[PDB]
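Below you'll find the structure I mean.
With one protein chain withheld, the remaining protein chains of the complex are depicted in position.
Going in written order, the chains are labelled A and B, and every chain counts its residues from 1.
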Amino acid sequence: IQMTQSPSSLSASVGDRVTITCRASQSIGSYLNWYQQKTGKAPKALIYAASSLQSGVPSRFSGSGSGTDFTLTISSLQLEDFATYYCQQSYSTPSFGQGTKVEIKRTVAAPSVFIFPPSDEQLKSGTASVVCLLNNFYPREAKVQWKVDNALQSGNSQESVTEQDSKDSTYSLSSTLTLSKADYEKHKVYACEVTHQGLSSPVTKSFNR
Amino acid sequence: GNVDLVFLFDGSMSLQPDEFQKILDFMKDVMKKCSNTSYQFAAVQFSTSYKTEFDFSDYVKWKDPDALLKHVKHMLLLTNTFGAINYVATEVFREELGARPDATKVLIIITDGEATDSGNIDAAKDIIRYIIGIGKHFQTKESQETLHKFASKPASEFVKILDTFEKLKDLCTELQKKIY
Partner (left out) sequence: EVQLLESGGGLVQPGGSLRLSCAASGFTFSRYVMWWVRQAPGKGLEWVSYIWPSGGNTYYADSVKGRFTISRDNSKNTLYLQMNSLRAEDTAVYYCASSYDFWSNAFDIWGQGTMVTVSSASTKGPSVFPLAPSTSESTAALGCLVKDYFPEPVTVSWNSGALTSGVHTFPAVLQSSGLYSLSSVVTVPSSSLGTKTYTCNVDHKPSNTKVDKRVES
């Protein structure tokens, strides 16, 4: 039994009504259940039997459907609801839908940018990492360019992004530029240039070695 | 010989879909087989809660087992069999809902094993109680105790298996039994 969940991800503002669908490859009557899974946590049952809300679960959650097509509704999305949601057929031995990742839509927020030179300690080894930090921005989409004496870098940076902040729904991002001790000492000016929807022009943070 | 018979049937999710369909089919077969005026039927689905799907007076007005069960909604929650039996004993065997004062009261409890809840079924002791099992977990040591409790005594005459019980040629005369 294949369970097709839809959509894969969605973004909605606090207070918005949210709708997630789940389709089964055959009729499964009402043997259809919904779980919520937050990051680094176990799944938690929201709904059993298509429409039966479990005790403790907030009343904004509801389930409907029978046969092939089912729907999970969140009547008013809250900050707490940031999570992955799975449908699960209990008709035969368990199978799950692919999941739907719910993100919180908020107002646009420009990042604050910071640059960090490599430490003298790391430089003792043949190793240099230069870190650019974009702090507390929305949306997740942001472009970061590394320039070394104005030469654009390629294939030697690496980005990591936090998951959405549970209070203010912002993201943070690190871009780490990795160069050999030798390559680091060959150049003076290290700059990262940030482009983001919330900035009217790109922010450059830089230092001279 | 008059008999008012209640089917108390297990709508919980522990049953496999086909097992629940067999229960529906069993109830309809018995009503079709035991169709003479001496018999009246009611049906109550139980899981976490209990719903009278049809009462004796509905049965009499329609007497179409397929139509009477047409709109049953499968509960698919827990298994509160003790509360269910008590519900039947106090809320279903009523002159109000078409029960006959002269009729022998018979309960067919159709289920797959032990209950989620517990307690006592003292209020149902004047009712003749058959237990009709389905499923691979119906007779274990986990459930032996519960099934003996629900069944009229001697339990060995009242604990049945749906699969073999439904084939009995003399089924309607069997459910009319009053000396035991």
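The rule is simple: contacts are C-beta pairs under 8 Å (C-beta built on N, C-alpha and C of every residue); 3 or more make two chains touch, one makes a residue touch a chain.
In the whole complex the chain that is left out makes contact with A, B.
Touching the chain that is not shown, out of A:2, A:25, A:119 or A:197: A:119 (per the contact rule at the top).
Within the complete assembly, A:93 is the residue of A:93, A:200 or A:208 that touches the hidden chain.
Although one chain is not drawn, the whole complex shows that of B:3, B:6, B:13 or B:107 it is B:13 that touches it. Residues 31, 33, 35, 41-45, 48, 86, 88-94, 96, 98-99, 112, 114, 116-119, 121-122, 129, 131, 133, 135, 158, 160-162, 172, 174, 176, 178 of chain A touch the missing chain (whole complex, contact as defined above). Where chain B meets the chain that is not shown, the touching residues are 12-14, 77-79, 113-114, 116, 137, 140-142.
In the analysis below, only the chains that are shown with their structure count from here on.
The geometric centre of chain A is 52 Å away from that of chain B, both derived from CA atoms.
Taken in their complex, chain A has these residues touching chain B: 28-31, 48-50, 52, 90-91. Put simply, chain B touches chain A in their complex at residues 13, 17, 73-77.
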